[PDB]
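For this view, one protein chain was removed and the others were kept in their places.
Chains here go by letter, A, B and C, matching the order in which they are written, and residues are numbered from 1 within each.
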Amino acid sequence: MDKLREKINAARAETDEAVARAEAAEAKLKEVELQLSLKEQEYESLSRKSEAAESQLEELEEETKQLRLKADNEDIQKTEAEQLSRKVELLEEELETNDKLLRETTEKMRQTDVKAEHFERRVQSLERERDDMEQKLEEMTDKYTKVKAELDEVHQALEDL
Amino acid sequence: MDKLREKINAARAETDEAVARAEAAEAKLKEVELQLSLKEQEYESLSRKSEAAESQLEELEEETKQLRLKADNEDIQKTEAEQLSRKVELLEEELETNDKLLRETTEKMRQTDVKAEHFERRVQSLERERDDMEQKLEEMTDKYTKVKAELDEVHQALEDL
Amino acid sequence: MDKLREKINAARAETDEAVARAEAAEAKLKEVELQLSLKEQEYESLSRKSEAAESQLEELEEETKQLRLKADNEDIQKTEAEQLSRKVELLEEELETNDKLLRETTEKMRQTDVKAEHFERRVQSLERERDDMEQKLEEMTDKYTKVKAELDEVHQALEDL
Partner (left out) sequence: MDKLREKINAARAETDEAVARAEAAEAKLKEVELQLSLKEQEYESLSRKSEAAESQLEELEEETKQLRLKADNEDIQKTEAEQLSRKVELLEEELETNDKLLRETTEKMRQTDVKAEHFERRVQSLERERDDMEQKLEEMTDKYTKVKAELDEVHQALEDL
């Protein structure tokens, strides 16, 4: 009849609509499942890359601390070398001054030694001359005493006549 | 009745099967959509983290290079500092030796000056004594000559008797 | 005297004889005349009687002839009467037979009329019942056709499921 055929058409329409819904939903489900699996694989790859990167970061931080210590030591040594160069210059100036002073003092000592030697040679010559003239004076005094006594005796002799 | 009831049963079963499959597919599609959204969010967060890690890696690598620049020169700088320190110690030893030599030279100069003053005073005394001896010798010689001449004149006069 | 007396005696005797004979003859003549007269009278009377007898004889003879005319026909007339009486009795018997046949025919006609009325009433009742059955059969056939068509339409619609 009319109503029975209409109900049958409605039943077939409901069934076909459900089948179309199922087909579309299954297609979209397949697509999203493939997308989810691919995104999980990408996340795993990126996580392994991040682990490697963090390991490299730790290693680089350790190396950086070591190099910081060594570079600070190098800078300390460089400052020390600069100050030692300046100190070398100062000490060389002081040594030049003191060496000039030492040479001047040595020359003055040599001059004083020459003066002392001159005076000592004068002493020796004066002593020689003094001894010689002292002996000569003794001789002449004896001779004069003798001849004066003789002359007085001769005068006393000629006085009586 | 007969195959009419069989037909309505089979049609109802097919319709219910289609509806159930559609509902299950739609529910699973919603679930996988939600899971994919969450996975995308966490993957984006991990990507941001990995980018930050890479930036830190590059910064640390550049710092490591800049620090190696001085860390490699640490030892050569230490050698240069040791050379300059040895030069400084040599200059200091030379200064101390010069100080000692200057002290010794000054001491010897003072001693020689005292010796020269002593010898000069001795020269003065000896010159005074020598002049005194010479004057006395001249006087004694003159007196001896006078007395001898008088005696000889007397003796000569006696011959003409 | 003598022969005179004889003569007178003889003459007287002859005369007396003649007279006596004459008287006797006359007396006998008178007697025979009277007898003849009486005989004539009685003969005339007898003649009258005989004439009357002859007249009566002729009358009776004529009457006898006239009566014989019918007396001879008596027997033939009786035969004719018997024939007519037999015809009458035959007609009477035919009338009685016709009366009996008419009674029987009327009785049978009444019986047949009653039979015909009975059959006519039976025809009326049977026609009423037949029309009732026909109407009911038409109605039942129409309703069966309607229900069968509806069932077939339903079953046809079920095939297109």
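In this text, a residue touches a chain if its C-beta (ideal position, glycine included) is under 8 Å from a C-beta of that chain, and two chains touch if they have at least 3 such contacts.
Even with one chain removed from view, chain B keeps its contact list with that chain: residues 1, 4-5, 8, 12. By the touch definition given at the top, chain C reaches the unshown chain through residues 11, 14-15, 18-19, 21-22, 25-26, 28-29, 32-33, 35-36, 39-40, 42-43, 46-47, 49-50, 53-54, 56-57, 60-61, 63-64, 67-71, 73-74, 77-78, 80-81, 84-85, 87-88, 91-92, 94-95, 98-99, 101-102, 105-106, 108-109, 112-113, 115-116, 119-120, 122-123, 126-127, 129-130, 133-134, 136-137, 140-141, 143-144, 147-148, 150-151, 154.
Heads up, the rule we're going with is that only the chains that are shown with their structure count from here on.
As a whole-number value, the distance joining the C-alpha centres of chain A and chain B reads 1 Å.
Centre-to-centre separation between chain A and chain C, using Cα means, comes to 225 Å.
Residue positions of chain C with contacts to 2 or more other chains are 154, 158, 161.
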